[PDB]
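Visitor: Spelled out from the first residue to the last, the chains are:
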Amino acid sequence: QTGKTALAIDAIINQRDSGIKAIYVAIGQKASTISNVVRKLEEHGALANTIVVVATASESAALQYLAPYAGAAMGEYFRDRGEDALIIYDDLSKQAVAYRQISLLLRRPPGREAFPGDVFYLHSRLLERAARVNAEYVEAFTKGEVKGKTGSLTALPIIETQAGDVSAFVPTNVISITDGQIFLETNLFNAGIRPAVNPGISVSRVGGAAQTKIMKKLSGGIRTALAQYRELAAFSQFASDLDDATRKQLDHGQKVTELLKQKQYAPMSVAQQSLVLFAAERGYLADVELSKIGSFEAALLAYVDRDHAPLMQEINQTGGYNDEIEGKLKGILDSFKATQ
Amino acid sequence: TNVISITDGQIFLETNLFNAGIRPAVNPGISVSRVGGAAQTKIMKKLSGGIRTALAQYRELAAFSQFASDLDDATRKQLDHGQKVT
Amino acid sequence: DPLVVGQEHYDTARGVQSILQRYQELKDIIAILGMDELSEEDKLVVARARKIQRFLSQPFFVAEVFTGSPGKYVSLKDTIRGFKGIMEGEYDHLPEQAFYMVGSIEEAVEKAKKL
Amino acid sequence: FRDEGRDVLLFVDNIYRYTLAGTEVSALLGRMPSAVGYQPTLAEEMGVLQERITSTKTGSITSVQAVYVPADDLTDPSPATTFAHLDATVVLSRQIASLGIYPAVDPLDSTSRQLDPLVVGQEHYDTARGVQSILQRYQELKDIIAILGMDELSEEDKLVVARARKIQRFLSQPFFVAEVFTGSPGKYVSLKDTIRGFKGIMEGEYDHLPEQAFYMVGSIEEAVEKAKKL
Amino acid sequence: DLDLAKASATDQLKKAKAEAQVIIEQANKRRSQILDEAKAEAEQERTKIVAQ
Amino acid sequence: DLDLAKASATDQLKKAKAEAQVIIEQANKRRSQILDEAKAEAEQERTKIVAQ
Amino acid sequence: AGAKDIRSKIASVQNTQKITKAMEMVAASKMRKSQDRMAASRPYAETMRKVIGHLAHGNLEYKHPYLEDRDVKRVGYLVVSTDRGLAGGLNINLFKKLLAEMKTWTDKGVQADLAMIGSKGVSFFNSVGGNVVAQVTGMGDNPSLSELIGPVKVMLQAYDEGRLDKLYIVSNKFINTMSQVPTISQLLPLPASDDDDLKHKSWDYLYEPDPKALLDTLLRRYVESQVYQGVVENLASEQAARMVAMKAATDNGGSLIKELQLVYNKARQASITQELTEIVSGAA
Ligand SMILES: Nc1ncnc2c1ncn2[C@@H]1O[C@H](COP(=O)(O)OP(=O)(O)OP(=O)(O)O)[C@@H](O)[C@H]1O
Ligand SMILES: [Mg+2]
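Residue numbers (the deposited numbering), protein chains in the order written: chain B, 172 to 511; chain A, 343 to 428; chain D, 345 to 459; chain E, 230 to 459; chain Y, 53 to 104; chain X, 53 to 104; chain G, 1 to 284.
The set of hints was computed from the structure by calculation and includes no laboratory data. Positions of the beta carbon are idealized from the N, C-alpha and C atoms, including for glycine. There's no promise every hint is true.
Unchecked claim - Using 25 Å as the maximum straight-line C-alpha spacing, the simulated DSS-like pairs for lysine-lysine come out as follows:
1) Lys-192(B) - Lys-100(Y)
2) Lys-455(E) - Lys-416(E)
3) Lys-9(G) - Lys-247(G)
4) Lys-69(Y) - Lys-66(X)
5) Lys-387(B) - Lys-432(B)
6) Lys-192(B) - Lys-419(B)
7) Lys-247(G) - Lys-371(D)
8) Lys-108(G) - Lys-371(D)
9) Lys-81(Y) - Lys-463(B)
10) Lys-387(D) - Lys-434(B)
11) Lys-419(B) - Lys-4(G)
12) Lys-67(X) - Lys-67(Y)
13) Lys-173(G) - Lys-103(G)
14) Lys-100(Y) - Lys-81(X)
15) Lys-463(B) - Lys-432(B)
16) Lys-419(A) - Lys-371(D)
17) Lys-434(B) - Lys-100(Y)
18) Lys-199(G) - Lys-97(G)
19) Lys-100(X) - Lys-91(Y)
20) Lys-4(G) - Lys-371(D)
21) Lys-58(X) - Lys-67(Y)
22) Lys-81(Y) - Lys-508(B)
23) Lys-58(Y) - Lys-100(X)
24) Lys-4(G) - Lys-175(B)
25) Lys-66(X) - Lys-58(Y)
26) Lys-318(B) - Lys-387(B)
27) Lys-258(G) - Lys-371(E)
28) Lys-388(B) - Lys-318(B)
29) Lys-371(D) - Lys-428(D)
30) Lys-108(G) - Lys-96(G)
31) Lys-387(D) - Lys-21(G)
32) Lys-320(B) - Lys-419(B)
33) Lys-81(X) - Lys-69(Y)
34) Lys-66(Y) - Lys-67(X)
35) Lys-421(D) - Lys-387(D)
36) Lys-69(Y) - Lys-100(X)
37) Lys-428(D) - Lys-432(B)
Stated by the list, open to error - Derived contacts from chain Y toward chain B, CB cut-off under 10 Å, selection only:
38) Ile-75
39) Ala-79
40) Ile-86
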């Protein structure tokens with residue numbers, strides 16, 4: 172109950188207009204939950220771009236265990252054709268449980284938590300099918316139909332820890348197999364900071380080579396500002412009349428923290444994210460460091476849409492950044508401050 | 343775990359209370375009777391209802407106010423009364 | 345969900361949870377270093393937290409045999425109205441026991457008067 | 230390659246994965262587990278690997294092994310078995326990298342059990358102990374400085390902080406493989422050259438150079454060329 | 053010194069009045085956008101639901 | 053008189069901006085009403101078309 | 001043991017250590033403000049006491065009750081204290097040193113009258129049983145002479161109505177940024193023990209009209225200036241003692257974290273071996 176599914180299906184919903192096809196695999200989910208999700212997928216956007224694979228908690232362990240491999244075979248079809256795809260595996264812990272049941276009923280020798288000896292080789296061989304693949308491979312697979320494309324299959328496995336134990340066998344296996352995790356802490360979620368991502372423990376091993384340029388330029392300081400807020404949050408609890416350097420830094424940290432939260436089924440395009448981060452990074456919030464920040468963002472997004480949409484088209488197309496874009500973003504922010 | 347699951351209540355007796363000299367070393371708030379008030383005489387029923395809450399909240403206040411040298415006399419009153427009943 | 349409950353209900357719930365979470369982290373700090381080393385806005389939110397954490401309690405008709413008191417049924421609207429009033433501080437001046445084991449917030453002010 | 234008479238390096242991308250794969254194979258074969266679920270032959274399967282990696286009357290194999298400690302627990306049997314074999318420990322630090330010092334090796338947490346006077350020689354030993362002591366003292370004075378101010382520092386402690394900043398910078402080096410990032414030529418410092426450089430900085434020669442003279446500069450004789458231009 | 057009392061004060065009324073009207077108008081703009089889009093979604097969602 | 057002219061200019065804006073905002077919040081309330089209305093209206097269209 | 005409860009204690013001790021480090025931040029910055037205030041107060045009060053030292057000894061002597069070395073029937077103390085905790089033993093050591101001197105007078109049958117400038121002193125001496133005749137508390141981060149005058153005005157009235165014969169201030173000296181000591185200082189009855197003004201014995205001091213009113217005013221200012229410096233210096237001492245205490249509490253919290261972690265790691269390893277042993281035995 173921290174938003175693991177909410178984050179994944181919002182990821183799927185944001186692919187409505189990218190060429191990235193999407194797959195949601197529901198392992199051991201209860202059927203009425205799946206049905207509620209599927210209805211949300213049609214209502215808030217497109218279920219046309221998503222394949223839904225279902226193995227409910229009432230179905231046999233063999234069907235649960237294999238399910239994710241069947242979904243990977245459906246996504247591995249697009250990868251080998253030259254087209255990008257995104258697969259979400261929901262509860263790889265439930266797949267591990269199903270395999271444990273099958274292994275024990277077949278009498279196979281038990282391991283650390285009764286899980287079988289090859290439980291690593293289950294998820295390892297599942298997830299290492301998620302790859303980006305070169306044009307030579309995709310041209311030799313298709314036998315010369317696509318020629319200059321490079322297919323890919325992005326994967327987002329979901330894991331549930333128990334009371335946040337990160338040293339349990341299945342979590343530590345999957346954390347070694349993958350390359351970055353989005354760690355969703357529970358006491359941030361209880362605090363209402365949803366989505367409750369926890370920086371510093373959540374990393375991305377691929378780095379900023381995956382970011383587009385404008386998102387890369389406007390995000391470097393955010394990481395440092397939140398790091399500085401982590402340490403200066405202890406001081407904020409009980410103390411005041413610190414140095415104004417520190418005071419400024421702490422305040423800005425608390426308001427960038429306030430900025431990085433949003434409603435569930437609102438996804439945000441790169442241009443909208445860009446300008447909101449620019450507003451935080453260039454200091455246009457520094458005088459607005461009060462509870463209105465949510466209204467400020469909604470008003471800024473409405474204003475930007477109303478007056479300067481060809482810029483939003485150009486950024487949503489290119490993600491480019493340069494001095495002319497930097498100046499235009501300044502002009503837009505300067506004008507918006509004069510309004511509400 | 344099994345016997346705690348089967349029975350109609352518990353009396354917990356504790357080493358810390360026994361060494362501190364609270365003998366019988368019953369810990370209230372960790373011991374319950376699910377029959378409760380039905381198994382009492384009407385006098386005992388009447389007098390005992392106030393005691394059950396008073397000791398449980400007294401241990402909370404006694405933990406929360408170890409270090410405050412001065413206190414609100416509402417809280418202070420309760421604290422003393424709890425030491426009296428203990 | 346704000347969509348399916350009233351949006352005031354949702355806002356009240358988010359407030360209540362945020363406050364109680366903010367109390368929990370303060371608990372061990374007060375226990376070791378003492379209440380005097382809080383700040384005034386934390387001393388405020390620790391008080392409102394205690395008032396909220398009392399107003400969650402309730403007498404039940406089926407839990408009358410155990411405690412010797414009548415049972416209370418609160419309507420949903422009255423519950424929202426009370427917790428919003430407590431968080432907005434309309435009852436900040438009442439003691440904690442004025443909220444303990446009571447029905448609606450009108451009964452919190454009646455018992456406060458008796459207190 | 231050893232039997233040809235060369236000095237080889239063997240890199241192991243993770244030795245923990247070797248141990249854990251040994252657990253998986255042992256569970257598939259069904260043998261009763263021991264300790265924290267590890268295989269019954271844990272120390273033997275480690276010893277069979279680690280004892281082949283040795284110097285010999287012809288050539289040698291040196292090995293640099295990456296080490297993952299499960300659950301941060303230095304007492305867990307895979308760490309505890311591995312550490313018996315390691316002769317040295319190099320720690321890489323995000324903090325040192327953030328300063329821009331490369332290679333980002335923490336000098337205080339890194340160790341070697343070669344670093345004893347009857348093995349390494351007295352001059353090297355006492356130099357390395359000296360640099361360790363200076364950087365440790367500085368690591369304490371930095372806490373003070375922040376807590377109060379540089380005003381508190383005595384003139385001696387200011388000379389400690391200055392020499393420590395020079396030493397810390399003089400640990401950085403330009404690598405031949407890193408030219409693209411840095412654009413610098415790249416250098417290979419001899420053992421005597423580094424010992425002389427740190428001895429000089431510790432005994433207070435070059436106390437008249439600026440600390441930016443030492444950054445990425447290679448040997449100390451190039452530190453004075455840079456300070457000549459600077 | 054007096055002469056300036058009228059002249060200096062001219063900007064306060066002149067500029068304030070203009071800005072006040074401009075923001076007032078800006079609201080009627082927000083209202084027009086919000087209700088014209090409400091009308092658009094009110095028709096798009098009706099046609100969508102009957103095709104589903 | 054000059055100082056009085058300065059104060060009234062700072063006032064004017066505050067009244068004007070708070071006067072634009074109430075139009076904006078009225079529009080949001082009316083939008084929530086008219087969107088629910090559209091949803092129910094098409095709903096009744098769906099109910100009859102699916103039963104038929 | 002117990003993995004979740006130990007991991008909960010580790011979390012709580014970690015966060016407590018992080019707070020005691022921040023308190024050490026507030027304590028050092030307040031020490032900066034407090035000691036520069038002291039450095040400003042020091043010249044004026046030091047020269048005022050020098051001035052009276054010159055008046056102590058030299059002719060054309062008028063005769064005045066604060067000037068003569070009268071006999072001791074009872075003794076007055078002005079006691080400064082903190083109102084807060086976490087300052088280590090600064091108040092305890094001062095209160096003990098006073099209690100020793102007050103015992104020495106009580107051996108002589110000389111009673112003690114006590115005026116308290118802090119809540120810790122009020123609590124301690126009321127509950128021990130010293131005659132608290134005046135008290136002010138909660139002066140604030142910036143203390144001001146104006147509030148402190150009333151207790152002094154009471155002690156002055158007790159002297160000038162003739163009841164109170166010897167008067168002291170007891171306070172901690174800011175000997176260094178990291179060293180301080182409790183002191184009992186003789187205050188109002190101007191000690192003839194001080195050096196004779198033989199160095200400028202050409203001068204026999206002479207007066208503008210009404211030496212009584214002028215001199216009375218000047219001694220009123222002297223006593224007050226002495227009390228104000230003694231308070232500002234005790235607040236600088238307080239901030240130094242708090243920073244030392246918080247540093248100790250930070251190191252002790254780290255010492256607990258490093259030992260609870262060893263208990264937790266040993267427990268997780270045993271839990272991992274009790275199971276598995278029981279799954280292999282059950283698999284049979
Ligand atoms: N950004 C958000 N704002 C407000 N509420 C949210 C947000 N994201 C998620 N929620 C709510 O959090 C709750 C839990 O979300 P979700 O079901 O995704 O968590 P989960 O980790 O998947 O739980 P489980 O693991 O039990 O499936 C839901 O009620 C969802 O509506
Ligand atoms: Mg969920």
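Visitor: Compare the structure with each hint and give your call.
Guide: Quick rundown of the hints versus the structure:
1. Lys-192(B) - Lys-100(Y): Status holds; Cα separation ~23 Å.
2. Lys-455(E) - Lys-416(E): Holds, at about 15 Å.
3. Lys-9(G) - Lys-247(G): 21 Å, holds
4. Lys-69(Y) - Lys-66(X): Holds, at roughly 12 Å.
5. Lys-387(B) - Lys-432(B): Since the Cα atoms of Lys-387(B) and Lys-432(B) sit roughly 19 Å apart, the hinted pair holds (cutoff 25 Å).
6. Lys-192(B) - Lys-419(B): Outside the cut-off at roughly 44 Å; violated.
7. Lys-247(G) - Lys-371(D): 22 Å, holds
8. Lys-108(G) - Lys-371(D): Answer violated: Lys-108(G) to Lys-371(D) is near 51 Å, above 25 Å.
9. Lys-81(Y) - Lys-463(B): The hint holds at about 21 Å.
10. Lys-387(D) - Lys-434(B): 31 Å, violated
11. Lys-419(B) - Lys-4(G): 38 Å, violated
12. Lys-67(X) - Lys-67(Y): 15 Å, holds
13. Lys-173(G) - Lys-103(G): With a Cα-Cα distance of about 23 Å, the restraint between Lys-173(G) and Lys-103(G) holds, given a limit of 25 Å.
14. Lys-100(Y) - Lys-81(X): 24 Å, holds
15. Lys-463(B) - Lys-432(B): 13 Å, holds
16. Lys-419(A) - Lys-371(D): Given pair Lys-419(A), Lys-371(D) holds - Cα atoms ~23 Å apart, limit 25 Å.
17. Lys-434(B) - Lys-100(Y): Given that 25 Å is the threshold and the Cα spacing comes to 24 Å, the pair holds.
18. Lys-199(G) - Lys-97(G): 36 Å, violated
19. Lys-100(X) - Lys-91(Y): 23 Å, holds
20. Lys-4(G) - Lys-371(D): Satisfied, since the Cα-Cα distance of roughly 18 Å is no more than 25 Å.
21. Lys-58(X) - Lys-67(Y): 12 Å, holds
22. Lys-81(Y) - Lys-508(B): 17 Å, holds
23. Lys-58(Y) - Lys-100(X): Not OK: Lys-58(Y) and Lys-100(X) at ~72 Å, beyond 25 Å, violated.
24. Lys-4(G) - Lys-175(B): 24 Å, holds
25. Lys-66(X) - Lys-58(Y): 24 Å, holds
26. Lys-318(B) - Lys-387(B): Not satisfied, since the Cα-Cα distance of roughly 31 Å exceeds 25 Å.
27. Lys-258(G) - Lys-371(E): 23 Å, holds
28. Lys-388(B) - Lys-318(B): 33 Å, violated
29. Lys-371(D) - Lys-428(D): Distance ~24 Å between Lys-371(D) and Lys-428(D) Cα, so the pair holds.
30. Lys-108(G) - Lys-96(G): 19 Å, holds
31. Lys-387(D) - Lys-21(G): 21 Å, holds
32. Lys-320(B) - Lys-419(B): At roughly 49 Å apart (the allowed maximum being 25 Å), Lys-419(B) and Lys-320(B) break the hint.
33. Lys-81(X) - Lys-69(Y): With Cα atoms ~29 Å apart, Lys-81(X) and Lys-69(Y) exceed 25 Å; violated.
34. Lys-66(Y) - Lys-67(X): This hinted pair holds, its Cα atoms lying about 16 Å apart.
35. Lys-421(D) - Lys-387(D): 29 Å, violated
36. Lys-69(Y) - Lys-100(X): At roughly 56 Å apart (the allowed maximum being 25 Å), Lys-100(X) and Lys-69(Y) break the hint.
37. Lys-428(D) - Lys-432(B): 23 Å, holds
38. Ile-75: 7 Å, holds
39. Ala-79: 8 Å, holds
40. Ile-86: Holds - the Cβ of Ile-86(Y) comes within 10 Å of chain B, reaching about 9 Å at its closest.
Checked against the numbered hints listed earlier, the structure breaks hints 6, 8, 10, 11, 18, 23, 26, 28, 32, 33, 35, 36; every other hint is satisfied.
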